[PDB]
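The chain that follows stands alone, in the form deposited without the named molecule, written as C-alpha cells.
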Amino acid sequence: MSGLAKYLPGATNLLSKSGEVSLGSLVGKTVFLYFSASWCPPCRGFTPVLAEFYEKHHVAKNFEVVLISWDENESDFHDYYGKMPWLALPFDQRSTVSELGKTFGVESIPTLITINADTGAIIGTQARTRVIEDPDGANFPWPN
C-alpha cells in the first residue's frame, strides 16, 4: 500500500488541475502537506514563495504539494485552490483535516509537513521555515 494511506483515505483521489490523481501515483515522491486557507494573512505571504519553490524544483527533486485546507466553506476552498499548481485533499473530507491536525500538531497556518510517499514516514515538520532560509532546497527534504 501507499504510505500516504497511513494519513489520507485509501480510495480517495486527490484533486488537481489536470484530473484527479490517486495516492498511488505519488509513489517514490516526497510529499508536502500544505496546511493553509483563504483569508489568512501570513498564508498569502507564504503561498507564493512555496509556489516558486514548486515550479522551480518539484520535477527535478521529485516532490508534490497537497493542500490541506482550513477554509470555512467549499466555495472559498475552490477559489483559493484554483490558483495553486499542486494537489489538494477534497473539501468534504473535513474530518481528515482535524485528524491530521492532531497527528502533526498543527496549531496554526501556514504549516508544511514533509512525508515520504512510500513509507508514510514523517521527514520533517518545519519545511515552512526551511524553504525561507534555503529557497533552492540545497538541504531538501530538510530532515528533522
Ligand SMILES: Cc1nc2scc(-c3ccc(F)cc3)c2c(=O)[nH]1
The other form holds:
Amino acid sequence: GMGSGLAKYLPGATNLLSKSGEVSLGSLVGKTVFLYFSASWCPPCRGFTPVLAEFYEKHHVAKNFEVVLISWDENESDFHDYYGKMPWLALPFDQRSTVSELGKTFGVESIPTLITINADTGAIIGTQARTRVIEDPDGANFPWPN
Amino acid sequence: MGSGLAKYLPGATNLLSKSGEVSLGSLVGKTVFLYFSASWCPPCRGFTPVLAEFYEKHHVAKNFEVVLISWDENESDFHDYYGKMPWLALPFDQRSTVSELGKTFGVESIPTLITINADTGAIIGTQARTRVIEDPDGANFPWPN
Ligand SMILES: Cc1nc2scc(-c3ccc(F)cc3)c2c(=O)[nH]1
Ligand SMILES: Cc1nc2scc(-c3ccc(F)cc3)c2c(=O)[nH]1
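Could I have the structure of this protein in the form solved in complex with the named molecule, to go alongside the form deposited without the named molecule above?
So here's everything in the complex, that chain up top.
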C-alpha cells in the first residue's frame, strides 16, 4: 500500500477507473492531477472535453499529470458510455453521492471545471485550468499557478 | 411592485405563458412552484411530464401556478423545452439571475420545486418534487407536512 494526498478530498475513494483496469490513488505519486467536473449531457462540456483530450494526449507524460473525471451523471449506464470514450481516469460511479459536496469544497459554480491538485499533499495548485488549456494549448505556463 | 414574488425577481417584469406574457401581479393569491430545471438534465426530462399531468389535473382546483426557472444557456433549447410545458416561465433574457435564485433557496440539484406564497413570498415547502411522486392526487397539497 502507498498513501496519497488525494485522500484529503477523496477519503472514501480507493480505486480509480482506468483504461488499464483500476489504479490506486497511490499510483499517482509525484503527479499533478486534474479533477475534471463534467457530465455527459452538459453542452459546454461537450465542447471542452475534446480540447482537454488533445491537451492530455500531447502533454500528460512530459508534464507528468493525470485527468480524473468527476461526473455529475446520475445514470450509471450513461456514466460508463461517456467515460468509455475518454482517454484518462474516472472516480467510480459508486462515489456519485460525494460529487455535490466535492464541488462545494472546491467552489465549483458550474461545469466544465478543472481543479488542479498536487497528488502527494492534496494542495490545490489552481482552479482555472478549464480556461488555461484553451489559452495555452502547448502548456508553456503549466500548471498555471496564481 | 407589491407581490412577494417581486422580492425574488427584482429584474423581472413579466413571465412567459402559453398565450403571451403575464405580470407577477396576475399570480395574486396563488401558491407558486418555482421549477428549477434544464432541457438536457435527464431526471428533469422525466419529471416534467409528471409535473405537467399534476398541473393539468389540479392547477385550477388547488389554485397554483408553476414557473420554469431554467439553467439552459441556448435559446433554441429553452423555447423547445418550455414548449413542452403548460405553465409559466422566467423569460430567457433573465437567465443570468438563475444561479443566484438557486442560491437564495438552497437549490443543490435539479429537478427541484420550491413552493412559495405569491402574496407574501413566504417559503412553504422545498420538497414538492418528491411530494408529487408520492401524492399525485394532491390529497396533502400544498404539503406542509
Ligand atoms: C450543463 C451543466 N450541467 C451541470 S450539472 C451540475 C452543474 C453544476 C451547476 C452549478 C453548480 F454550483 C455546480 C454544478 C452543471 C452546470 O453548471 N451546467
Ligand atoms: C442534470 C443537472 N443539471 C443541472 S444544471 C444545474 C444543476 C445544478 C447543480 C448544482 C447546484 F447547486 C444547482 C444546480 C444541475 C444539476 O444538479 N443536475
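Just so we're on the same page, rigid core means the largest C-alpha set that superposes within 1.5 Å between forms. Only residues modelled in both forms are compared. Positions refer to the first chain, counted from 1.
Peer 1: For the set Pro9, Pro135, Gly120, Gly24, which residue undergoes a C-alpha shift of 2 Å or more between these two forms, given alignment on the rigid core?
Peer 2: Shifted by 2 Å or more: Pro9 only.
Peer 1: Can you give me the Cα shift for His78 between these two forms? Core-superposed, in angstrom, one decimal please.
Peer 2: The alpha-carbon displacement, core-superposed, is 0.3 Å.
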